[PDB]
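Asker: Here is what each chain is made of, one letter per residue.
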Amino acid sequence: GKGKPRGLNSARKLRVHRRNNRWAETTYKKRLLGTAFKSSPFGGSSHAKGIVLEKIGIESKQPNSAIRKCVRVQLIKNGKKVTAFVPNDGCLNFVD
Amino acid sequence: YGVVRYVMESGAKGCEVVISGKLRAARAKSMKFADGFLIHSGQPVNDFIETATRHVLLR
Amino acid sequence: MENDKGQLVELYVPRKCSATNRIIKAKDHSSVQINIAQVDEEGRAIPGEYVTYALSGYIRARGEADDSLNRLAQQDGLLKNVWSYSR
Amino acid sequence: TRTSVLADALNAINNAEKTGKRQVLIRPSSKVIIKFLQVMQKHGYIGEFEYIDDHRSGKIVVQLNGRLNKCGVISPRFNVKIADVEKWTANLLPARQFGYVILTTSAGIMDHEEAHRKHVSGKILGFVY
Amino acid sequence: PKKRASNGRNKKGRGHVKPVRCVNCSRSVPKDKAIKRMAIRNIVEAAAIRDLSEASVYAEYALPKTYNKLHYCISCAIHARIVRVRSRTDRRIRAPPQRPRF
Amino acid sequence: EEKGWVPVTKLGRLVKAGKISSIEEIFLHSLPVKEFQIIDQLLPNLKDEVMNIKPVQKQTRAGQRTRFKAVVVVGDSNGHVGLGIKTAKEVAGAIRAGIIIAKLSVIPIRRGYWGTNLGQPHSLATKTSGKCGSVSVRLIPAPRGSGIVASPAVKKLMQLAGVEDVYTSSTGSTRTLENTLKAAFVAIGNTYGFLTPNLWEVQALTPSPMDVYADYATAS
Amino acid sequence: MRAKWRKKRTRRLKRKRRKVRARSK
Amino acid sequence: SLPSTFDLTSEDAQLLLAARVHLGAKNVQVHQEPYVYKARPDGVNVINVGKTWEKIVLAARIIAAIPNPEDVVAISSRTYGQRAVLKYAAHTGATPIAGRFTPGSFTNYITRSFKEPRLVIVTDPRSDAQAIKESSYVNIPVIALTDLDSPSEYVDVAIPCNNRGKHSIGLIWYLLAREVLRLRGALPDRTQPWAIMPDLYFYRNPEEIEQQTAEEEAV
Amino acid sequence: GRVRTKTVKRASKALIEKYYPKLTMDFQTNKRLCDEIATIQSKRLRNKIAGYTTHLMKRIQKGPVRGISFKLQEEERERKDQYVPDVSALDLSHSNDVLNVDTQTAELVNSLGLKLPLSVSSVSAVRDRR
RNA sequence: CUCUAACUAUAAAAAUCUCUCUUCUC
RNA sequence: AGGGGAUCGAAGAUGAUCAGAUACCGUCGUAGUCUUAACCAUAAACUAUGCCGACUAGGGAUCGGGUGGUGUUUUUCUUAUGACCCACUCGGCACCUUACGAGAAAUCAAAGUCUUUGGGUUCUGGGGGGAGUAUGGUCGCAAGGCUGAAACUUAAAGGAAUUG
Ligand SMILES: [Mg+2]
Ligand SMILES: [Mg+2]
Ligand SMILES: [Mg+2]
Ligand SMILES: [Mg+2]
Ligand SMILES: [Mg+2]
Ligand SMILES: [Mg+2]
Ligand SMILES: [Mg+2]
Ligand SMILES: [Mg+2]
Ligand SMILES: [Mg+2]
Ligand SMILES: [Mg+2]
Ligand SMILES: [Mg+2]
Ligand SMILES: [Mg+2]
Ligand SMILES: [Mg+2]
Ligand SMILES: [Mg+2]
Ligand SMILES: [Mg+2]
Ligand SMILES: [Mg+2]
Ligand SMILES: [Zn+2]
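Residue numbers (my numbering), protein chains in the order written: chain A, 1 to 96; chain B, 1 to 59; chain C, 1 to 87; chain D, 1 to 129; chain E, 1 to 102; chain F, 1 to 220; chain G, 1 to 25; chain H, 1 to 219; chain I, 1 to 130.
I should point out that these hints are in silico values taken from the structure, not numbers from a laboratory. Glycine included, each C-beta is placed from N, C-alpha and C at the ideal position. A portion of the hints provided could be inaccurate.
[Stated by the list, open to error] Straight-line Cα separation of at most 25 Å, DSS-like style, residue types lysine-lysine; simulated pairs: (1) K29/B / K156/F; (2) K13/B / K3/F; (3) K54/F / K127/F; (4) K2/A / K18/D; (5) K62/I / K115/I.
[Unchecked claim] Distance windows between CB atoms, simulated: (6) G14/B / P69/H: 40 to 48 Å; (7) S26/E / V126/I: 38 to 46 Å; (8) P63/A / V3/B: 43 to 51 Å.
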């Protein structure tokens with residue numbers, strides 16, 4: 001009828017088929033490969049401290065014309081460098 | 001629509017109203033309300049259909 | 001259909017196709033109800049007395065309405081050997 | 001290859017009912033088909049069927065009366081514990097007031113209500129309503 | 001999407017046929033997709049039938065015809081007016097354009 | 001208000017004469033309703049609710065000619081629903097013609113019992129379903145007082161129906177409101193399309209109201 | 001671009017990289 | 001059941017044979033019609049005239065049951081059976097629709113030709129498909145003069161006869177009207193041949209009507 | 001480019017269908033008739049109406065034409081319709097009271113339980129090549 | 001209710017385009 | 001690698017068209033096209049529809065086989081064939097109509113018998129791009145084939161159809 005087998009003794013291929021198909025997702029692949037710990041700036045970390053290296057502003061896309069006030073920060077936990085956003089209006093001067 | 005309804009209630013064979021301007025928007029737009037039939041060519045335009053133009057001042 | 005007191009709660013019992021026993025939808029706008037007049041001894045159609053057959057829209061659309069009516073009229077003694085039960 | 005013969009029988013019944021007919025010709029005609037149709041007769045979803053000896057697995061001619069609306073086999077005859085009967089009835093039957101999960105117990109092929117009355121349960125064959 | 005359930009080829013059960021060349025542009029086109037037109041005509045047209053009849057020995061000489069099956073390309077067939085674009089409900093019709101003359 | 005309603009249909013003539021008393025006679029013989037005033041006469045208390053107003057545009061050489069599609073649901077919360085969908089220039093006219101169609105397309109529904117029967121039916125009789133576009137709606141009976149477990153539009157449709165408890169499950173692009181409401185309408189009108197053991201015995205085929213009362217039609 | 005010519009350009013890049021590796025293998 | 005007075009009288013069967021009702025059905029056949037009998041070696045199936053007459057009397061029974069005469073509406077688009085329909089509507093209190101049947105004549109209530117009948121009689125389903133669809137949309141029975149080759153979709157009780165000869169259609173309409181009038185009681189007894197003639201329902205080409213007028217105006 | 005649009009054609013059609021006995025072949029007489037029996041506002045439209053009325057009258061005089069009808073033509077059509085030949089075209093008035101049927105319909109007559117005067121003739125099952 | 005006949009025959013060149021999109025409620 | 005070597009023709013040689021034209025038009029033209037051995041294993045390798053099995057709807061034709069005709073010409077006096085004609089059946093590439101079924105539709109007689117969801121079974125996909133790329137295997141003389149991600153980026157990309 002359908003692609004999957006249906007017999008009472010076909011649990012093995014059903015399970016391994018689901019197990020091979022699960023890698024098609026992105027969340028499952030990230031969770032099992034554990035790419036968050038190895039590659040992301042934080043390893044499964046909601047927050048992280050860092051040191052401000054310099055004080056940059058980055059232009060927006062086409063439909064939006066402005067310069068969003070960012071800041072380049074080197075993370076202290078591992079040493080990676082990432083740009084970050086200073087959210088509100090007059091907060092750029094607040095962070096030295 | 002009340003004006004059109006009253007006019008057609010009076011026995012008229014057709015009424016029409018154009019309201020042009022800034023109808024609740026910055027950009028201009030013209031609304032057209034009509035009922036019956038209004039001719040447009042030949043002095044029947046002068047013999048039967050009578051027109052009126054007015055300006056209304058808003059804020 | 002029946003409340004525990006025994007009082008009917010259905011809005012209406014629907015008619016059923018007299019040829020396929022399937023119910024007739026309220027908005028089944030293809031189904032028909034044929035009336036066949038009863039005939040007395042001298043061939044006078046007795047008025048107001050007849051027999052009704054409700055043919056569904058499905059068989060009519062399929063193309064078997066006339067055959068079903070043939071069989072149904074033959075069963076109730078209207079037509080003589082117009083329909084054979086063995087094809 | 002005809003694997004589940006009861007599947008062919010019930011599929012033929014469904015096709016010959018949806019088109020509105022009053023008869024079906026089921027070819028292979030095993031025990032299980034006979035018991036299934038006998039249960040359907042007992043509950044009225046079917047009319048007056050007939051076994052035609054072939055010396056060759058026989059055949060069956062089934063008479064209908066339009067009262068049925070769907071047969072159907074659960075092709076993997078799952079082992080159904082007495083606790084899971086209600087689960088199957090909820091998943092298959094359209095309402096609790098009627099419908100019957102025809103299932104095969106050690107006490108024969110029976111409708112789910114009768115099996116629950118005997119307090120015995122086995123594998124599931126199909127469903128009728 | 002399928003513009004043609006027949007895919008234009010008119011093959012339905014062969015997989016591959018031997019291509020033929022276009023008469024105009026010499027396009028290697030499959031023999032079933034290629035449009036074939038049987039040009040049967042008069043070796044001398046009506047413009048000179050009288051002249052040939054008056055100036056020919058063998059009185060009542062049945063003049064010969066000339067036969068050629070032309071295997072057009074398909075771009076050529078659109079361009080050389082041989083075949084024409086049709087309405088989507090008109091593409092259904094495969095009968096030739098109704099006997100030009102009776 | 002001002003309403004004369006000269007009847008142009010034999011059904012309308014019979015209704016105006018007062019010869020058809022209940023809408024069940026209209027639904028039973030599958031009569032064709034073409035005058036909305038018949039439905040107004042038979043069901044005096046058909047409430048409505050404008051489900052959605054949608055601007056739909058056609059691209060012409062000059063600008064974009066825009067109309068409005070109104071999705072109106074009419075009913076009496078006692079087992080009668082209708083779903084009108086209309087397109088018109090002015091929104092008010094769109095809603096008027098939409099309610100007008102909805103009244104034309106009234107339909108009866110078969111409310112049933114989830115378990116044992118104690119009072120009036122509270123849910124549907126069986127599981128039902130419908131499909132319009134890619135939207136398939138599945139209505140499933142629910143125990144008493146379980147509410148209407150449905151999306152707001154379908155919930156309002158059931159409330160207009162009179163179904164007080166029901167479970168629902170929708171599959172597809174249920175985003176589009178017209179498709180979802182049409183699928184739900186198909187299901188709830190299919191509820192009277194399911195043969196059930198309590199509906200097996202045959203009846204006598206009572207003669208059609210326009211056969212017994214053909215004289216009062218045919219305005220002479 | 002066509003997938004054909006993107007594939008061909010990839011093949012030519014592989015040409016250069018293969019000869020470079022072969023010279024240094 | 002029907003008294004034996006309603007059997008196939010010899011003269012009526014003779015008339016049915018004479019008008020070549022049976023002779024032609026088709027060189028082909030559709031299994032919706034087991035009205036065939038003894039496919040002729042000429043490849044022109046014969047139609048069981050007894051079955052045709054049973055269908056005729058059944059249709060007469062259906063028509064006579066309608067309490068108000070003018071809710072029987074008889075359609076004919078093809079020429080061969082136009083006049084007969086008119087003639088039928090003359091004797092039985094039916095409503096004719098000859099020539100073109102305007103679409104929307106049953107659904108659309110705004111047309112000035114909007115007739116809302118309780119029964120429709122059709123001379124040929126293949127030609128009057130529009131009338132059949134209109135009857136479908138408004139729950140109307142269709143008594144169609146189907147041939148053994150005409151389609152039987154949305155077609156109720158179907159008189160099996162010929163549609164390729166004017167004689168067959170004219171005489172079929174004769175028999176239908178005659179039996180309806182006998183059933184009603186306007187015609188006293190169902191044995192006398194109802195003196196008016198079968199040729200009254202036959203087709204008349206304008207060429208032959210002009211020829212007949214010329215023969216009439218010669219003196 | 002004289003095409004005589006809707007108004008003149010419809011008005012002339014109604015004029016013929018309601019006043020054929022009074023209309024004539026002549027343009028001027030029909031012009032006066034149009035003046036008296038119909039209130040045409042202008043006079044150019046009156047003249048166009050009378051001209052098309054004369055044209056339609058001439059066509060009718062040539063013979064019967066589609067669309068328009070009147071009392072005389074409808075009465076003549078009904079009279080020609082009521083024509084029924086006194087002599088019989090059926091019941092074997094021709095062919096010396098003999099009808100020609102093949103074997104199959106003869107067996108039909110036989111099995112029906114009826115005895116009609118028949119004449120058997122084989123139908124030569126060989127079919128024409130057309 | 002009987003039927004398979006007429007016909008030809010055009011391919012020169014032509015690349016590119018800076019804004020901006022705006023509500024339907026009786 | 002060995003054989004051939006006509007035609008046509010990657011490269012190339014030019015003559016034109018153009019602003020450029022080592023492109024399309026044209027004339028020559030090696031490799032190739034043709035083959036005997038040994039490799040290659042990829043194609044819009046397409047019916048873009050996996051295989052086996054059952055059932056569901058009407059209409060004609062067509063190919064292979066087989067049955068019957070009190071059938072027709074055939075001629076070898078008659079017959080036997082053959083060739084047709086009519087009817088039926090099995091199998092095949094197919095086709096027309098229709099929705100009463102299915103689909104987002106174009107459409108499909110299977111893409112039906114699927115929310116009334118289960119006949120058996122294999123392979124594949126989980127937004128687009130990166131990318132069928134890198135790497136690691138493995139096959140290949142080589143060309144390349146099989147297997148085959150991520151980092152990162154993105155709010156769409158895409159399907160069918162409607163009006164312009
Ligand atoms: Mg004007
Ligand atoms: Mg002007
Ligand atoms: Mg395209
Ligand atoms: Mg082609
Ligand atoms: Mg093959
Ligand atoms: Mg070599
Ligand atoms: Mg070159
Ligand atoms: Mg050059
Ligand atoms: Mg070249
Ligand atoms: Mg060369
Ligand atoms: Mg590949
Ligand atoms: Mg592929
Ligand atoms: Mg992806
Ligand atoms: Mg890709
Ligand atoms: Mg590698
Ligand atoms: Mg597209
Ligand atoms: Zn070409």
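Asker: Evaluate each hint against the coordinates.
Answerer: Going through the hints against the structure:
1. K29/B / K156/F: Not OK: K29/B and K156/F at ~36 Å, beyond 25 Å, violated.
2. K13/B / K3/F: holds, 22 Å
3. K54/F / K127/F: violated, 31 Å
4. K2/A / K18/D: holds, 23 Å
5. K62/I / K115/I: violated, 54 Å
6. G14/B / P69/H: 40 to 48 Å: For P69/H against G14/B, whose Cβ atoms are near 45 Å apart, the range 40 to 48 Å holds.
7. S26/E / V126/I: 38 to 46 Å: violated, 52 Å
8. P63/A / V3/B: 43 to 51 Å: holds, 44 Å
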